[PDB]
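There are 4 protein chains.
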Amino acid sequence: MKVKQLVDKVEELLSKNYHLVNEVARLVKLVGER
Amino acid sequence: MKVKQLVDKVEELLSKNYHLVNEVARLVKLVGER
Amino acid sequence: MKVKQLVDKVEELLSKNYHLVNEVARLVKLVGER
Amino acid sequence: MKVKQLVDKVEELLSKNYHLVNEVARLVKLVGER
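Protein sequence lines, in the order shown, are assigned to chains A, V, Y and P.
Residue numbers 248 to 281, in full-length UniProt numbering, belong to the letters of the first sequence in order.
Residue numbers 248 to 281, in full-length UniProt numbering, belong to the letters of the second sequence in order.
Residue numbers 248 to 281, in full-length UniProt numbering, belong to the letters of the third sequence in order.
Residue numbers 248 to 281, in full-length UniProt numbering, belong to the letters of the fourth sequence in order.
Honestly, the hints are just simulated from the structure, not real lab data.
One thing to keep in mind: the hints can contain errors.
[Unchecked claim] Calculated pairs, DSS-like style, for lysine-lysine (alpha carbon to alpha carbon, straight line, at most 27 angstroms):
{"id": "1", "chain 1": "V", "residue 1": "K276", "chain 2": "V", "residue 2": "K263"}
{"id": "2", "chain 1": "V", "residue 1": "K276", "chain 2": "A", "residue 2": "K251"}
{"id": "3", "chain 1": "Y", "residue 1": "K249", "chain 2": "Y", "residue 2": "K263"}
{"id": "4", "chain 1": "P", "residue 1": "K249", "chain 2": "P", "residue 2": "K263"}
{"id": "5", "chain 1": "V", "residue 1": "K251", "chain 2": "V", "residue 2": "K263"}
{"id": "6", "chain 1": "A", "residue 1": "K263", "chain 2": "A", "residue 2": "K251"}
{"id": "7", "chain 1": "Y", "residue 1": "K263", "chain 2": "V", "residue 2": "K256"}
{"id": "8", "chain 1": "P", "residue 1": "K256", "chain 2": "V", "residue 2": "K263"}
{"id": "9", "chain 1": "A", "residue 1": "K256", "chain 2": "V", "residue 2": "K276"}
{"id": "10", "chain 1": "P", "residue 1": "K263", "chain 2": "Y", "residue 2": "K251"}
{"id": "11", "chain 1": "P", "residue 1": "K251", "chain 2": "V", "residue 2": "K251"}
{"id": "12", "chain 1": "Y", "residue 1": "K256", "chain 2": "P", "residue 2": "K249"}
{"id": "13", "chain 1": "V", "residue 1": "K263", "chain 2": "Y", "residue 2": "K251"}
{"id": "14", "chain 1": "A", "residue 1": "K251", "chain 2": "Y", "residue 2": "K256"}
{"id": "15", "chain 1": "V", "residue 1": "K256", "chain 2": "V", "residue 2": "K276"}
{"id": "16", "chain 1": "Y", "residue 1": "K256", "chain 2": "A", "residue 2": "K249"}
{"id": "17", "chain 1": "P", "residue 1": "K256", "chain 2": "A", "residue 2": "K256"}
{"id": "18", "chain 1": "Y", "residue 1": "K263", "chain 2": "A", "residue 2": "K256"}
{"id": "19", "chain 1": "V", "residue 1": "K256", "chain 2": "Y", "residue 2": "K276"}
{"id": "20", "chain 1": "V", "residue 1": "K251", "chain 2": "Y", "residue 2": "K276"}
[What the hints assert, rightly or not] Derived Cβ-Cβ restraints for the label pairs, each shown as a range:
{"id": "21", "chain 1": "Y", "residue 1": "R273", "chain 2": "A", "residue 2": "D255", "range": "32 to 40 angstroms"}
{"id": "22", "chain 1": "A", "residue 1": "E280", "chain 2": "V", "residue 2": "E258", "range": "35 to 43 angstroms"}
{"id": "23", "chain 1": "A", "residue 1": "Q252", "chain 2": "Y", "residue 2": "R281", "range": "42 to 50 angstroms"}
{"id": "24", "chain 1": "V", "residue 1": "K249", "chain 2": "A", "residue 2": "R281", "range": "19 to 27 angstroms"}
{"id": "25", "chain 1": "P", "residue 1": "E258", "chain 2": "V", "residue 2": "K249", "range": "32 to 40 angstroms"}
{"id": "26", "chain 1": "A", "residue 1": "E280", "chain 2": "P", "residue 2": "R273", "range": "17 to 25 angstroms"}
{"id": "27", "chain 1": "V", "residue 1": "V250", "chain 2": "Y", "residue 2": "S262", "range": "37 to 45 angstroms"}
{"id": "28", "chain 1": "A", "residue 1": "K249", "chain 2": "P", "residue 2": "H266", "range": "35 to 43 angstroms"}
Each residue gets a CB set at the ideal place from its N, CA and C atoms; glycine is no exception.
Isolated chain A (complex conformation):
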């Protein structure tokens, strides 16, 4: 199923973005608190 495969890929994309946004939030916190 082409659409099911695409949605699987979007799900993984969204998990990767959840984690990278957390990483960025940490960097931004560290700069703020120097």
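Put chains V, Y and P on the given structure of chain A with help from the hints.
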């Protein structure tokens, strides 16, 4: 429903991005006043 | 159609996270200088 | 919209996301060598 749950997730990440971009802008302005 | 709407939102998120990460790199360089 | 349009877009997003994840890893390493 999977697609709806993924839309909820992207919306949460869009809001988190919004506030981080705003925080970075605040910090750049402050650091530039040093 | 739910999938195309999800894909557009993921595109928006990725574009905004590119901007965020660009600005974080700029901020990190700035705080090292200033 | 055709399924093929969505598949091609999601492939583009996956490649763009790959580089985003790698840029965040690069920044996390740089900050961690504080």
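Hints, verified against the model:
no. : hint                                : result
1   : V/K276 / V/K263                     : holds, 20 angstroms
2   : V/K276 / A/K251                     : violated, 45 angstroms
3   : Y/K249 / Y/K263                     : holds, 21 angstroms
4   : P/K249 / P/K263                     : holds, 22 angstroms
5   : V/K251 / V/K263                     : holds, 19 angstroms
6   : A/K263 / A/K251                     : holds, 19 angstroms
7   : Y/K263 / V/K256                     : holds, 15 angstroms
8   : P/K256 / V/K263                     : holds, 24 angstroms
9   : A/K256 / V/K276                     : violated, 38 angstroms
10  : P/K263 / Y/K251                     : holds, 18 angstroms
11  : P/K251 / V/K251                     : holds, 22 angstroms
12  : Y/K256 / P/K249                     : holds, 18 angstroms
13  : V/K263 / Y/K251                     : holds, 22 angstroms
14  : A/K251 / Y/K256                     : holds, 18 angstroms
15  : V/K256 / V/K276                     : violated, 31 angstroms
16  : Y/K256 / A/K249                     : holds, 20 angstroms
17  : P/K256 / A/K256                     : holds, 11 angstroms
18  : Y/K263 / A/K256                     : holds, 19 angstroms
19  : V/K256 / Y/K276                     : violated, 31 angstroms
20  : V/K251 / Y/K276                     : violated, 39 angstroms
21  : Y/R273 / A/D255: 32 to 40 angstroms : holds, 35 angstroms
22  : A/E280 / V/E258: 35 to 43 angstroms : violated, 29 angstroms
23  : A/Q252 / Y/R281: 42 to 50 angstroms : holds, 48 angstroms
24  : V/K249 / A/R281: 19 to 27 angstroms : violated, 42 angstroms
25  : P/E258 / V/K249: 32 to 40 angstroms : violated, 20 angstroms
26  : A/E280 / P/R273: 17 to 25 angstroms : holds, 22 angstroms
27  : V/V250 / Y/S262: 37 to 45 angstroms : violated, 21 angstroms
28  : A/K249 / P/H266: 35 to 43 angstroms : violated, 25 angstroms
In summary, the numbered hints that this structure violates are 2, 9, 15, 19, 20, 22, 24, 25, 27 and 28.
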